[PDB]
Structures are given as structure tokens and as C-alpha cells.
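Consider the single chain below, provided in C-alpha cells and representing the form deposited without the named molecule.
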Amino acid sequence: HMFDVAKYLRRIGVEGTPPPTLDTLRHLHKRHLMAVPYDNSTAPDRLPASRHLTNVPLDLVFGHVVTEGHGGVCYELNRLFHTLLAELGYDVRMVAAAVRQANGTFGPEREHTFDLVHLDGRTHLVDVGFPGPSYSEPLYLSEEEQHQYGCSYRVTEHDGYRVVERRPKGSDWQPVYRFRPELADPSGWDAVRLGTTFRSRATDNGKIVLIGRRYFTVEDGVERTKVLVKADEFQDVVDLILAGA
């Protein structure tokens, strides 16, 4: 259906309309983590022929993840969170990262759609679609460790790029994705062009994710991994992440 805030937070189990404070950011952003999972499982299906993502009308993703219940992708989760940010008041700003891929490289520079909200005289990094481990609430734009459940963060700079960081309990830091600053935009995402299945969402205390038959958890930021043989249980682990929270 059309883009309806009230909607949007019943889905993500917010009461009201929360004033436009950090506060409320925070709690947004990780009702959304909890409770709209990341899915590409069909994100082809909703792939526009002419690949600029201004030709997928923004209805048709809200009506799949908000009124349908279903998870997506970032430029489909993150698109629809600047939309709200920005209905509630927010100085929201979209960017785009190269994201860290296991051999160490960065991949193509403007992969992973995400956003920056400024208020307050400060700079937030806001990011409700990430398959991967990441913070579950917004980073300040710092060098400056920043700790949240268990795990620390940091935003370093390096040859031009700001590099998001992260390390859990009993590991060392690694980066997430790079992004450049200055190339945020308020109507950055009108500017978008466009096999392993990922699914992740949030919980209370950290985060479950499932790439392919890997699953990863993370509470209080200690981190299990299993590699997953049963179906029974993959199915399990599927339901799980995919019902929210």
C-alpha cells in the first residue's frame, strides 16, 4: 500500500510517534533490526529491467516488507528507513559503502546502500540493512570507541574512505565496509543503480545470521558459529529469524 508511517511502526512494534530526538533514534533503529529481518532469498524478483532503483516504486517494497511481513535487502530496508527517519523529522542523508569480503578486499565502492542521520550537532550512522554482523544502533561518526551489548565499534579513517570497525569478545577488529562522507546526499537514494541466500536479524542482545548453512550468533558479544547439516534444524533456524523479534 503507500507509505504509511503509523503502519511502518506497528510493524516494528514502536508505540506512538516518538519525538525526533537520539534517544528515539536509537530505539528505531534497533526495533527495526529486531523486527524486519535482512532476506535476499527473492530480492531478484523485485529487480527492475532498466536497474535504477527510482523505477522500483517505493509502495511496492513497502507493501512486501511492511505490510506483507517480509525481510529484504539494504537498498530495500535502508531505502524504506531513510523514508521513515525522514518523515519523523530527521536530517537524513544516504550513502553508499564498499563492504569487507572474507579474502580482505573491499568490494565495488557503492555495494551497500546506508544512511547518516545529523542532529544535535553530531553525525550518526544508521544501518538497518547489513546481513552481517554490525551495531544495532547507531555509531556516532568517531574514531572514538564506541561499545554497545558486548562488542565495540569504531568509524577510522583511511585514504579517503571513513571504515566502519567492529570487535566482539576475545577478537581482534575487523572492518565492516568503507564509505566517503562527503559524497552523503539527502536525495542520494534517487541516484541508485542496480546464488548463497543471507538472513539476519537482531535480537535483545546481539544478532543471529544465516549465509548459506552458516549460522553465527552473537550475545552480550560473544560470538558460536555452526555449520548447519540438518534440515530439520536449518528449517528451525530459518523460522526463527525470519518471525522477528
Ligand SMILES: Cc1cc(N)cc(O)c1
The other form holds:
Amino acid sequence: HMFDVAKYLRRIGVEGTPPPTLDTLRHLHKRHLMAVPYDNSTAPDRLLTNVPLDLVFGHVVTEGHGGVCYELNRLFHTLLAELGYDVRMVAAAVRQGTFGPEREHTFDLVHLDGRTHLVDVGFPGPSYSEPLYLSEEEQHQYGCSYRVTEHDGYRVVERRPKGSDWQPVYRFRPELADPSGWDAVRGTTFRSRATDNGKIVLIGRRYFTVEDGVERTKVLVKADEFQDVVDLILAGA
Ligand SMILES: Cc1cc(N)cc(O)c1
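How about the form deposited with the named molecule bound, since we already have the form deposited without the named molecule?
Expanding to the full complex; the earlier chain stays at the top.
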């Protein structure tokens, strides 16, 4: 179907058309991550400007499936722009102990009332479920700590759950952000979604959960447990 803001808000469980404020941005970001799972399982059958936005919208919103970073963050960029925000696309290199290709991960920045926020509803692993300030200052979300440090002309998103040291998530160059950047974008299954107070992630057989900053992981053995976790992730919340 054709892109429709109202249909999209309904799909992620947001009522009405809330105003273009920081509180609205936080709510949209968290609802999107809870309702729209990351899922690369059929990413090959949809491969950036040469993929019409309506095809991705149809797959994710109209049909209710998940997607990957250059699908979910591309749709969310469009939604935020239609809702009145100053939104900019930026590419990142993912901590793979080394950082991978320099434009592997695509996400968004929003500039609002003199502050810049990171927006990412399309990263598979444990990462922030509400937008981060673009700041080295430490920020706290559901018991996890976050900061955006500066190292060697890169900003680096770092995360610290309970019982852990600081972990880099990905790194990016803020000055390469682009309001129109989506028009320029060039074997294991990853599936995840946010919960009310954390995130659940399945990579191959490896099941990861974080709740109030407390992490648990298990390599799944049984087929019925595997099926149950897939259903739990893909059902949304
Ligand atoms: C670690 C990872 C990051 C991204 N952006 C995509 C993937 O399939 C895996």
C-alpha cells in the first residue's frame, strides 16, 4: 500500500497524531521497537532508491512483518518528517572487536529545540529503546547506561548493562548526516524486538534478553522452545 501516516501510527499502537515534541519522539521510538521486529529472514527478496518506499511500507506496515535497518529506519525517517521533525539520515560502522564496513548500518538523527537526538528503530542487537542525546554525558534507560563518546573524529554509541563494562555499539561521523540521505544509500537469521523494559534478541540459536538492565542468554536446543521464542519476537508488543 501507499505510505500513510495514520495507518503507520495505528500499526505501532500510537493514538492520534501527537505533537512534534521530545515526549512524542520518545514514545514513537519505543512503540516502534516494540511493535515492529527486526527480521532479516526475507531481506534478500526485497533488494536503495530503486526499492519504492511503498513496497517496504506494504511489507512492514500493511502486512505487519519486520525488516532490517535500511527498511525500518527509512520508513521511520519518513514518518518523523511527516510529523514535523527535522530528521537526518546517517550511516554507521558496526562493532562486529572491530568496526565493519563504514556505511553498513543506517539510522537517523533528529534536531529538536536546539538538541540533537539519535533515532534508531532498526538495529538488531541490544541498543537504546528511547532516543539518545548526541552527548558524551551518561544517559540511563531501563537500567542500561548509554553515552556517545568522541574518538578519532568519530562519535561512538556505547552501552553498559548491569554487570558489564562499557561496550561500543557502532560509530558514525555526524557531519555526514543528510536530510535526503536515503536517496543516496548503496547467513544467520537475526530477529529482535523491544519489550516494556528491555529487549529480546534471537541470533541463530542464541537467545538474549535484557530486562531492567539485567541480561540473560541461552543457546536454544529444543525445536519447540526455538519456535516459541520466534513467535514471541515476531508477535510484537
Ligand atoms: C551486527 C549486525 C548489524 C547490522 N546492521 C546488520 C546485521 O545483519 C548484523
